[PDB]
Structure formats: C-alpha cells, structure tokens
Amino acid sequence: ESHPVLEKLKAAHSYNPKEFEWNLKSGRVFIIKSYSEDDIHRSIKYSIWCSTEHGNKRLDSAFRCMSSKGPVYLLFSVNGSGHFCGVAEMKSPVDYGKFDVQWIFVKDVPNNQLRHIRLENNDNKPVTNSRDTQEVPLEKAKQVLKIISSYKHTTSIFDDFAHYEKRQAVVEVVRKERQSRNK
C-alpha cells in the first residue's frame, strides 16, 4: 500500500536521477542540520525550507551572490541521525521565513561513507561533523555529491511516508482542540 501524496510527488519529480552532474563547473554547497524527520517530510511535500535567523541570512546572501551563475545545493541531515537523507537545490531568496527548494536526492547515505572527507575551512573536521549552514569547498563538495549520487541506498524517509502523514494530521487536531479549550 502506497500513499497518494507520495505517488503524486514521485510522478511529478524525478527523484534520485541516474544522470546527475556531480563534477560541478560552478556552484556553492551547504550542510543543513534539521531538528527532526517531520521537518524533512514537510519540506519534501511542500518544496520549502526555513533555517534559523542567522542561517537564513547566510543562505540568502549566498543565493543572491550566485546570481543565476550556478546552483546552490543543500545536503540534509537530522541532528543525531548518523546519515544524510537527501539533497535539494535552493530556488529562491528568503521571504520574510522561508525559501523555495527543489528536492533532488531522497535517500539514506550512512556517515561512514562520507567521514573520510574533511573540510579545510572548518579545522579539517569530517564533513559529517558539521553545523547548520556550514559551507563545503567546491572540490570536497564534488566528492560528496559523487558518493551520494552513486550510493546504492537501502532505505529513505519515503519508507515511512504514511507514518509522517498520520503524525501531522493528529498534531493538527490536537492543537485545534487545545485552542478550543483556550477560548
């Protein structure tokens, strides 16, 4: 049994494209650390993301600087998870906060596949030990994207899609009822 929201998304978008250009001619690449799976699920279904105030300012500045001269890619991981869960392209500046994204890869890549890549601009720490909106230098970003694109993943957040749908629905009714008790 597959969920109609997920079937619509898969039919409208070409997730995990088998031809993806990891050897970028230009572009900038950033880490996104999400607070929960629920935020990832919402972002995939609505093509939207929101960082902190400072994170939003950093990403806004990077997107405007790129001036349509190359892509801004975002590599997503939930705090404490032990894997990356996907890759989206930033598609608009920040609107005050939120900005448009286009999800491209939706797949789990364990950290042990990526920890050998270290970021010279962050004390040579592994890319898997990054904070939200940490920037990845272009050549290391190429190696990360090559690994993510190629990885033969066994699972992804889509495998729990119906679960996240039901969670969202129940949260809404609970909040509405709570407001109802407060008027």
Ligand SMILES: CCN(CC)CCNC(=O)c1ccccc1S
Given for the second form:
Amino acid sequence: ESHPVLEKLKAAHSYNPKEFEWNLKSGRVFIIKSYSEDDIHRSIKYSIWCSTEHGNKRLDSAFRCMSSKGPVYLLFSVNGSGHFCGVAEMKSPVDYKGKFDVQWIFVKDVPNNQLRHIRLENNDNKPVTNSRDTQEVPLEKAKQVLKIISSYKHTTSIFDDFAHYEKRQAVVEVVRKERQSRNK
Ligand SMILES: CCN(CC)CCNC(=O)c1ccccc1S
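Please give the other form, namely the form deposited with this ligand bound, since only the form solved without this ligand has been shown so far.
What follows is the whole complex; the chain from before opens it.
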C-alpha cells in the first residue's frame, strides 16, 4: 500500500543513484540541522528548504559565490536523531522568511556511528556528527562523508513513514482552520 505522492516522486526522481560522484572536483558542502522529521518530509515533497535568517544568509552567499563553479550539497540531520537522513543539492539563491530550491539526491538513514570518525578541523576538531546548522565541511572531509553516505546499505529512510507524515500534515491543516474559525 504505497502512498501516491511518494510513488509520483519516486517515478520522477532517481533517489539514491548507484552512480554518484563523491570525489568532487569542486563544490562546497554544508550541514543542515532540521527541527523535525515533518520539515524533511515537506522539503522532499516540495523541493524547498528554509534555514534561519543567519543560516539563509550563509547559504545564499555560498551559492552565489559558487556561481556554478560546482555544486553546493546539503547533508541533512534532524536535531537529536542519531542519523543523517539524506543529501540534497542547493539549486537557487535564497528568495525572500527566506526559501530556496533544493534537489534531493539521497534519501536514506545513515547512522552517526558510520560518520563519527570524521572530524572537522574548522570546528575545533569535533566529529561531523556534532555540527550546528550550516556548518561547512572542508572539501576533503566532505568527499569522505559523501563516499560513506553514497555506499551505505541503508535499512530504512523517512520514505518508510511517508503516509504517516502525509496524514499529520492534513490533520494539522484542518485543526488550524477550525481554530482560526472559532477565533471569529
Ligand atoms: C512547525 C515546523 N514546520 C512544520 C512542517 C513548519 C516550519 N517549516 C517550514 O515551513 C518548511 C519546511 C520544509 C521546507 C521549507 C519550509 S519553509
């Protein structure tokens, strides 16, 4: 019993491509910390992201500075989750409440213990699994992370709970409309 939104997305995009070039000639790579699974679900279905106001300025500057020299990749993790949940490529500058276009590439859970040994010299040598939102990963360590994420034989992903997130979204909209209506 697959959800029609997810079947449409899977037919229109090649998630988790078996051929992905982790050994980047160029590009910049940033950590994205999401506040919830629900935000990841929206990002995948609508191909957009919003960071904080400071986070949006950092990402906007990197995208415009990259000027299509190469990609800007985003490594997603929800706060407190203990795994990374995928990778998207940033696909537009920030549009202003800033949003920007993203293209999701990997959708798969990679547990933190697979990436913990990789430390970020530009962030007091802490593990990449201990980053804040829009932490930049140096190029050579980004290749190592992308190599691990790309080849990891995942057992699950947010797609396994897709219908649950769809139902939560639809219920929340109705709850809000009714509340707004009682406020009249
Ligand atoms: C309450 C947190 N959250 C629930 C879905 C709403 C705020 N989050 C967004 O509105 C958003 C989510 C994904 C991609 C872009 C945006 S702008």
